[PDB]
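**Student:** This is what each chain is made of:
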Amino acid sequence: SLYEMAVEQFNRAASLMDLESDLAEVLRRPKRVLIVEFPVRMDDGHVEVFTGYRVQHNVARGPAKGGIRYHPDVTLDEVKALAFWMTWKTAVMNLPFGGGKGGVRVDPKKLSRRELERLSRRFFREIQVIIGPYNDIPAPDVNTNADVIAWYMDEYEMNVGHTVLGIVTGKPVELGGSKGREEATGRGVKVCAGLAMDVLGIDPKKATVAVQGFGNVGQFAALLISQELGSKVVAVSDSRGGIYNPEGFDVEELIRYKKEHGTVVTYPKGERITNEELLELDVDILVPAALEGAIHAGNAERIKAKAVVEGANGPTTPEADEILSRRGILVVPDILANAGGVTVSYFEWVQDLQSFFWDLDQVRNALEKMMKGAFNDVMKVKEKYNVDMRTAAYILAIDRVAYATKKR
Amino acid sequence: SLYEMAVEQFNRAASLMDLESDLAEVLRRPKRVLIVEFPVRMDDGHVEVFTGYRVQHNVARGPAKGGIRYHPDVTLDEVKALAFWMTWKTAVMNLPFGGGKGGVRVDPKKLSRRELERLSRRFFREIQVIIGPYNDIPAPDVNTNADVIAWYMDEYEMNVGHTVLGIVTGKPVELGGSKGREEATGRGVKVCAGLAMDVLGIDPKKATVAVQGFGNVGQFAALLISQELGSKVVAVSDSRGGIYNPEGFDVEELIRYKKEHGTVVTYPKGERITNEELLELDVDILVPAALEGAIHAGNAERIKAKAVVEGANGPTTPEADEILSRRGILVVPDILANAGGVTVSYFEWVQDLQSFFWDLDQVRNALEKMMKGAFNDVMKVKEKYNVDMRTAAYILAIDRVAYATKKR
Amino acid sequence: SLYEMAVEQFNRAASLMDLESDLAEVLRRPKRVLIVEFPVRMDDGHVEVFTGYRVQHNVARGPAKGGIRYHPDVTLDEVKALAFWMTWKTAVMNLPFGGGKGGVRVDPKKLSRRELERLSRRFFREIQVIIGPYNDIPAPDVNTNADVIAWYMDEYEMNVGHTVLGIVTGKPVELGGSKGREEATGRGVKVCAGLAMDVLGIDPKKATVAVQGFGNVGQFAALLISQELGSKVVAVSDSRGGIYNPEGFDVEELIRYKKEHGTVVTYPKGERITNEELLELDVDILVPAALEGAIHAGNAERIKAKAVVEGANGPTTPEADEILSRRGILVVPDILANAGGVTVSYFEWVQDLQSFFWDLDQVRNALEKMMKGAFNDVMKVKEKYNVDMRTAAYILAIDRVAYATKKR
Amino acid sequence: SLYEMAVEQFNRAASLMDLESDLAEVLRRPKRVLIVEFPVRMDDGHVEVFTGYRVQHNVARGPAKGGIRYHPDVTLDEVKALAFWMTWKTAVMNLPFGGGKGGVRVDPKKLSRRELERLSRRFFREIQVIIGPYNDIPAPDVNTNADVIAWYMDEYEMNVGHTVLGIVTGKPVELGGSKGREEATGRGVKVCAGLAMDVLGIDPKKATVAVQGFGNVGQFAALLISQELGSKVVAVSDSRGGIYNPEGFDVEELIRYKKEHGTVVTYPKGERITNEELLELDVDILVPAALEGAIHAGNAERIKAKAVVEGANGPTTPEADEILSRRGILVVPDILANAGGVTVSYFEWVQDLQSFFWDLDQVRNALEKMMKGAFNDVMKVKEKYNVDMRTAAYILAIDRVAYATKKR
Amino acid sequence: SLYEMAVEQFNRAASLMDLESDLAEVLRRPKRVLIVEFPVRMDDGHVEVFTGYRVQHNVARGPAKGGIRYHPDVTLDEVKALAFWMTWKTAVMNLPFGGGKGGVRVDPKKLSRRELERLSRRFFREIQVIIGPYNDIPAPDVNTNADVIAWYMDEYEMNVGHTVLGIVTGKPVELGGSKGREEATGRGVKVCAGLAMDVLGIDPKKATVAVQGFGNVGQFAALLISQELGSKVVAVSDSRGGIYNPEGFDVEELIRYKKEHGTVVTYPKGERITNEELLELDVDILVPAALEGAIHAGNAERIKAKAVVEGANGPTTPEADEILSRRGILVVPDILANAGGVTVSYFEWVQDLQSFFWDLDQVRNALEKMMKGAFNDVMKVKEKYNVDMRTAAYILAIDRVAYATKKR
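Residue numbers (the entry's author numbering), protein chains in the order written: chain A, 4 to 411; chain F, 4 to 411; chain D, 4 to 411; chain C, 4 to 411; chain B, 4 to 411.
One or more hints might be untrue.
Any copy, or any two copies together, can satisfy a pair, since identical chains are not distinguished.
Using 27 Å as the maximum straight-line C-alpha spacing, the simulated DSS-like pairs for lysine-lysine come out as follows [claimed, not checked]:
1. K208 - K309
2. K208 - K261
3. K375 - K182
4. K182 - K387
5. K182 - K372
6. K262 - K410
7. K112 - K209
Don't read these hints as lab results, they were simulated from the structure.
Chain A on its own, in the form it takes in the complex:
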């Protein structure tokens, strides 16, 4: 099960540290799970009942924070697991937030804008009881965005009776959102890639990078690592293929091209290569920013990268983890690496609370400052236990939640 699989990873770090048996049990089970079955009037006039979930795992360190998923395959399990991760993800970044998540079993594609807006409202009204700007602050996830998130904000105000706007994050800038939301995640990855370059003693200008995937994270990660760090993005990949060029790409251009034509492949001035080939390139840093299992048992021994900065979720598998650490390859974990979003999300909530908004430069600095921190905080725990950065991160996280849980 998706959940049990997560609890396992937790249990591991739970041992490396002397964590009270019973205390670990409360950190394991989630505080609240709300499942709702609500009707929605479809455009054609017939009513359709939908299943929705909102899970508040842990709240010891603050109000639950986590996105909402619109997928036809979403399951209580999946949600629980994702909520579970949020708890630690936020903890490692050191944010006054807890961990939660939610979703509705629905395929947005077969629903009209009117129907979506409708479902989006009924949902938020159905789970209102459990949420609030000081209890649970939803956010966009798969198949949801600033548009859906704005309907949420609205529906809430209409019920609550006054402007809240701190009830959800990821809202359009003109409606209480924050600047730097888009580049968030990428900038985070960049900050990490640099820091790793440091621990590895590599020179950002002389370094070469390979980014797997070219979505939001991929693009910005490549863009900023290239511009601000000065490294050479020698290869990027699409959902189709990849392109090489030891001379270095011009991410700027590559982006436009990726926009114009469905993919980065076909792009001239680039030696076509496969995705699995990219993962094995001879580069300093490899940023897996696409699908899971990218780095697995099969290629674990082939990776020549000195550092693997996880831009996506679960890019590398447990087995690959072991192999990679054995070979002494630094692997900056996702909970830390691609937490740049959750971080800028905290800023949005903050900016909202005081109805005063910071400009880009600030959001940037703040983001980089906390990334650098988290990185180091994890680093220390790493040496203190001689474990891999991923485990170190879970320990640090499990630590903070426990202490808070204890002090209360």
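Given the coordinates of chain A, work out where chains F, D, C and B should sit on it, guided by the hints.
**Tutor:** Positioned in the frame of chain A, the structure of chains F, D, C and B alone reads:
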């Protein structure tokens, strides 16, 4: 599954009546399901995490109403199913209530009064979000009583900030409870036994009754059917055996004896008989007030009773239903027959809302008035569809919930 | 101290019954004591700070209930004591109420209607935090009336935001009050006088009564005992003197006369006598409805009445108590006898909650029904302990508050 | 009385300034005084009733702010007095806060961690009515700390229903507290010492300091005055004795030693001296940071210090005041000098409101900025009335509270 | 009608831009209009009923923001219109606020301070339902000030139950107000005058300015344009006349004189001139900061200024607009130019929400920063449509409100 099994029974009556396809779907799924994992400090000092559930099925006709279960085998499914029934149960009785239920996976026997009181509080605080005197009014179920219910009421007031006391039912009389709570269910069964006697044209004084089981329901049903109706309880049964006496028993005495000595068996002036034998006695009315399946395929053809007033839950099985109706034997369904409890529970909530308490005679009259009603309301629907009383009851119920669901 | 003096009386009955030591301590100390110092703009333009108290003694059995005192000598102590009594007073009557009281150190006489209204509001606003229709429901006491109580009700609504009217009792009938408020107390005394007559085996028609005092309680007690019971009020008394007439007075007339001319004395057809003389008359029932200590050590042995129904507060002293019981003279205690007011006050609150008002006949029947009850409930406890009715009453009271305190 | 004694000090400055008679009366009496008697289940199982007090003196300028005291000798009086001071203390610092205080008559030493946590909760629940993040924000006092304060915060959330964390101050950093809490008070004293040096024309490097006492305040005052100011701490004292060294101590070391061994005495490289001796040393600045009355009539004439920066409460007595001012010795009053705590407490509340936390440097700067200010604001009023700094501070305070009281 | 006249101006810009027909309709009508008739006890003792209005036009972008008017001629119409403007005014400044306004039909002059305070409270209580720190934040307008505004704040807290202070703006600094309130508007005008000097390519030191009017705005506009910008205020005007002096005035002195003697006229060292004459002076920038219609059809062709910065409301008429733009004379619109007030008001509310107050320099910088912004944002839209700045401003405003309205 326990739930699916109930949905089936519903689907049946759902067909006999022209019920909008999509409307039925909403009546099928439950509105809210809340699952909580809360810690509790055990006497010895260690913390133990427990699982609790509160389910609000339908609320169209009023706030959810249903007890709380303390059992180590309780499961989401079981709760959902039980909640589901409450929806129709209250509906057939015509009470301004919805349907809900809840429970905690715990064995009260291995917990100290201090620990119980503790767990009971933490629970009620954990599900507070979903309940209220106008949202969900819990009540005692298996392994919970006026004592547990009073800790509930207290804990609530301490949080809410003022005396509520309508937050839960089944409280001690001296703390906002209602009179006639004990004899409630039994009196209900009595009222039905009598009414079944009328439509059948039998004379209450000349009639003879056989009550299977001798718990709360059995005793009072036997007691009141004997005293107020004037019928002759010719046989009653224990969890061990049964006793016959065509002359007629003195329920009054039989009760004391049942108290003094663990059972009714051994009781002098009574021809010992088996439980399965009792079911086949030659009496006018047979009140199965014990275990389920009592009347099944095997004995279905043997029952000589003209009327079977179900004092327990599911005494007679589906197959037996068919056979019994085929043979033309009136079978007053449980949802109606043993709903005298839920009914007196409604009055308690009422009395509480206005902090004014009625005396016995009132509670009685009110109870009897509504039973008589429901009975007839069901009777009508029966002729209107030429179905058996049980089905008639589910139709009447499914009808009321739909209308309300429609009007809203 | 006034308070300690009360605690003593309590401690006595607390012993006669096996009451857990620590449980008795909580029943001793009061839950809440709020003291406020608020300014008030006087007519002439200068501000004057006033001291006000609101004390919620016990609340186990319901929301605190008790009047507000406007006196220049009121002290925290006095209030505490009075609140303390309310707790038991309501408990013996069996009302879903707790015990509270309050007051403001001010002499209404030196204040203009405008200033009073002002002070009355500022006060109620200052103690709002502690009160509510379900927390603490003030009422009129010394130097406060339906007028002051109405300003209270208003000020509350203006703050709360909606019509409450269950926030205080003793309001004008046209503004949420109840009928039968005036005759309340007296009717109570009447009911008791009659009941005392029963246990004593005396005939209501043949009986003779002597009422000491002629205020609200005195008049109505005399009026109703005469009209409804048929007894012969042979003597009544003023703050000046008294009048005898073994033939029997016409309370109806006596009332008018008492209105026209400052006193009952001077009234023709009446043999003038002193107050202390009245107490010793040779009558069946003596209703001390005036000042305290009326029946003390000095005259204790002189009283020839078979029953003393306390219409006032503390008419007879402790020593007199002993002597009287020794001599076998039934003494219906005040907490029970003159509780007819608090009782009709409960009804007012009830009628308010459901915004539906009962007519006189109902209020009467309800009042008498509960009086009869309380009387008997006390009677039983009396035999169970072979103590005097006053003690029996405190036990019954202390019992109910303990049980509730325990169940919670 | 402790209270009347404070009112006297107030009355003095009340005269020096033309303060409306009646307006002064409202500033004299406290707005709210809540006294609670609550039970607590002791480990052994028996219940023990405790007495707690919460007093909101004045609120005109903001919500009441003040710590909670756990002592067996605490009395309503003591609390009132302390609350009274908070009102002016915050006023002189110019903080949007009012004045309040509270305490429970209990000896924490005879209670188990479990019992304490229990009592700590029950208390906070009992005084919830009167407090809130915008009404009254408690804080730690004598015998209470971040641990007790965190149980408070928790208990509140559980009742309120959502994360507050601005309900109390002095919480652990990881649970909503603020950085710089420890060094707070000391840094304040430091800032003053410097400002006085300024006014006295002394050079921070050439100056010599003597700190009486070595608790939190003493240590940090000594540490920072030494490191940041560059002065020479020539003597510090314990609850036992003191140590001299005109060469200058190494507070850094002295602290460790004070930790290792119960006292600073015994510490080598230090000429042992008595406490009363320290007070008379020939130094520029003397920081009485220990017990009250330290500087009294007896030694008043002996002090050779040019400036006395009160780090504790009431170190110097009224008589000593007169003498000291007569001799022309600058005496920075406590309300101003040791208010660095209340100040950092305001920041904690601020950081909480916007759920964004500042880092040390900020908390420091903010603290110093306001201290510098308050100092000067007081300085001005001093010249405008040619009174001593203590009186100047009370005037400035009484002024601000009056203006606000007036504008409203 | 005042309202319809405003709707027209809107409709104009509404066309220049492709704005959905129906969307424009919602932007046209105001969301809420509350009219109240409340009594007030007059000093002499008689009650007088008053009429009050509070109008929430649009709220899409935030809570309604707008002052309160005390005038005997105020009408629903006038308010609606004024509210309507606030909506766009805040929108162009880009403040998280909506649009609202209110007023009471009363002449303050005939009311005593006591009566005013009274009325001020009753009013605020009557419109409480519609306002809040997150719904509608009143502010001072004609005939209301920090004093009235403080009675508002108080009355609210007394009802709400806790300190708010974000409920209204324009409060006294010592009571939650902000610094820089007075110079606000003027500074804004200054910022604009400079920016215009820029687009026109004029040198701030060489430029000459003529300010019509000498109230708050006029004086400060003149003061700051002179001191900070270095331009030469060659003429200012009173409600009587004006004074010329090509050498340049000393606004500093001119202010004192205007204070001492009722007007600027009579002031030596100044060539007296008429108001209509001033408007035609040969200066670079003309700041109409007095009455409306100042620049109309009649003088439209006479104005020699290269830039007209509207310090007042509607100084120039529609016809004059056309003529002025035709002649190519830059006209910085009022909604932008004299919005410096609303802007600093936003800051006050912000500072209040986090109970942390900024110092002058901050308030200034923030103000100038946003003014510069709005100016440019408007400038862009101006070129994108080749319309006059006033229209550009309305488009920019109508745009932002629509987008928000759409996203929701």
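**Student:** Compare the structure with each hint and give your call.
**Tutor:** Hints, one by one, checked against the model:
In this homomeric assembly, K208 and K309 come within 27 Å of each other (Cα to Cα) only inside a single copy, at 16 Å, whereas the closest approach across copies is 52 Å. Proximity of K208 and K261 under a CA criterion of 27 Å is satisfied intra-copy only: 25 Å inside one chain copy versus 51 Å between copies. Taking the shortest alpha-carbon separations for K375 and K182, both the intra-copy value of 20 Å and the inter-copy value of 19 Å come in at or below 27 Å. In the homo-oligomer, the alpha carbons of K182 and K387 lie at most 27 Å apart only across protomers (25 Å), although the nearest pairing inside one protomer, at 37 Å, exceeds that limit.
With identical chains, the CA atoms of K182 and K372 are at most 27 Å apart both within one copy (16 Å) and between copies (17 Å). For the homomeric pair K262 and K410, the shortest alpha-carbon distance between copies (24 Å) is at most 27 Å, but the shortest distance inside one copy (51 Å) is not. Proximity of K112 and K209 under a CA criterion of 27 Å is satisfied in neither setting, with 45 Å inside one chain copy and 64 Å between copies.
Against the hints set out earlier in the document, a violation occurs for number 7 only.
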